[PDB]
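Only one chain is included here, represented as structure tokens and corresponding to the form deposited without Pterostilbene.
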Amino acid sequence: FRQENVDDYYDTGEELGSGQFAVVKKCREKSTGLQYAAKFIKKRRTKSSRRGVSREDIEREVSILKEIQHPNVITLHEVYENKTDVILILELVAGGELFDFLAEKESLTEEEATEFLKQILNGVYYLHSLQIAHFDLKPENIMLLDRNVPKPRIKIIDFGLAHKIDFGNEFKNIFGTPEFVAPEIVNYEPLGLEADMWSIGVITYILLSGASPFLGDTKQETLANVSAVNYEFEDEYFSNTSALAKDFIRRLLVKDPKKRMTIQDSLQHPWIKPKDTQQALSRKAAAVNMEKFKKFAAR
């Protein structure tokens, strides 16, 4: 990587986000005036240290981000590193989370919702085409480039858990957020591209109903709901949801990864690509449960 000082090439501004051993700050490149996001990642530095991120893990993230160029994924611009930190100079995604944005609309049909969902599917299609599992797909890693345009571009971010899947599966850690992680992750079994598809199912479920499907009253119950694939389409939230949409979700929230809809299949699903007008109208007439979705988005 680049061993020079960040601060000789960039000025930094306000913090944008912070993780356990990472902070994102807004920055501006001196030589072009272009603005970026700088993600400072703390290295643990010694293998036995537990106060940072494994440098190998950092390289993995960097290695993946350098390979991807796609409108619905964040771009990597430059990488710096000093004694304590590796700094990723990333594309600045300024528009905030997708769900906060959708939360401001007065209503939302399933057809409009699929317009945004389709962009997520597109990004993931690209990633999966390159054998890349994201492994941390959840509403907060779905951002907008700019919330002030006719049709806003979705940006998939945070590749901190992402892996190349060369052998159809990988046997590792890879544990993200209880609410959105597939059963095989919860149960520490081998992990593949299909984990991402489960996550897509959870996001979709929340997008239409405002409800989290496997959210227990404690974190441990949440993981247990997930493992058992214990979810319902409770009438209180789904009474205005299409059968197509329900069928879409049902084919992703499948315990066996192997049985789960692939990204190629989900892009071909009639909820996503209606094969006839009746299906098209069905999706047009169904609606997002907007008052509960707004409450979820505000949590």
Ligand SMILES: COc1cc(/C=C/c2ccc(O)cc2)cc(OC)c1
Given for the second form:
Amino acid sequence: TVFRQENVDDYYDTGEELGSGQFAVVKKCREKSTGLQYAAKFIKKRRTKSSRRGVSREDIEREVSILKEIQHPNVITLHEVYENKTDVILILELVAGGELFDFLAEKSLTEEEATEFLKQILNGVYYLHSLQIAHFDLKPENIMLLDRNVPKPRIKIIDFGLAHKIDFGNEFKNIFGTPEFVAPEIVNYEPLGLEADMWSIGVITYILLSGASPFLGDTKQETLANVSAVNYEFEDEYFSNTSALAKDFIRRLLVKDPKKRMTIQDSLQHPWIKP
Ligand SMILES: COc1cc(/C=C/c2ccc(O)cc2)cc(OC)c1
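Next up, the form solved in complex with Pterostilbene, please; the one we just looked at was the form deposited without Pterostilbene.
First the chain shown before, then all remaining chains and molecules of the complex.
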């Protein structure tokens, strides 16, 4: 699939940089014809077939194809796609309130503040999983706020760079996500489905409630080893005032066997969440 090959600079003006990654950079931008503001994600293309630098066109097209399907208040929307010899440029909805993660370091949240964020995450994931889309990269870095100055900010899931359609219940494709947040099946290179997202939600919930990462080791290999062994516990120093029901929610997500892990529908019906 080909994208618009006019120079993006003829239709947009770029501004502040919002984020920078392995093969991508995101810049605030403004469409000249409407004055509306967006985030322009510049993705570096592979220059040769056998190269390790840049993103393969297959991977870019998958990300674009998933973004084109989604429209939900808790997920970023795709406006336009451009490309040139060096980059594909996604013009994405502007989410300017900062990471949940950057917001995290400002406080540990109360259970109400955590569930208010968490319910929005679950609603967005429920939408994705209803469409058989696994995100595969859920972490605080990929959860951003529309406005960070209100008491209950609205969040949006960003960065569909690892997302896959799961039309056969599982995919076998290798997901190099962030060790602290990936499920054991990712660590062990096993078939992957929607269940991997539910584990990541469990990790996110643990961090929201405590300010601590449940599997984080001193090195990436230690973290991965801890994940595969389900080597975590609720430290009393961090969880002494957290409800047992919140702990129960997490415990039913941080489950090695994906088949026994809570699904997105289970998580919305769990007594900690269900109104
Ligand atoms: C390109 O690497 C990064 C991209 C992004 C994308 C941020 C972003 C911000 C606003 C949007 O509307 C869309 C993406 C974030 C990062 O750390 C937070 C790293």
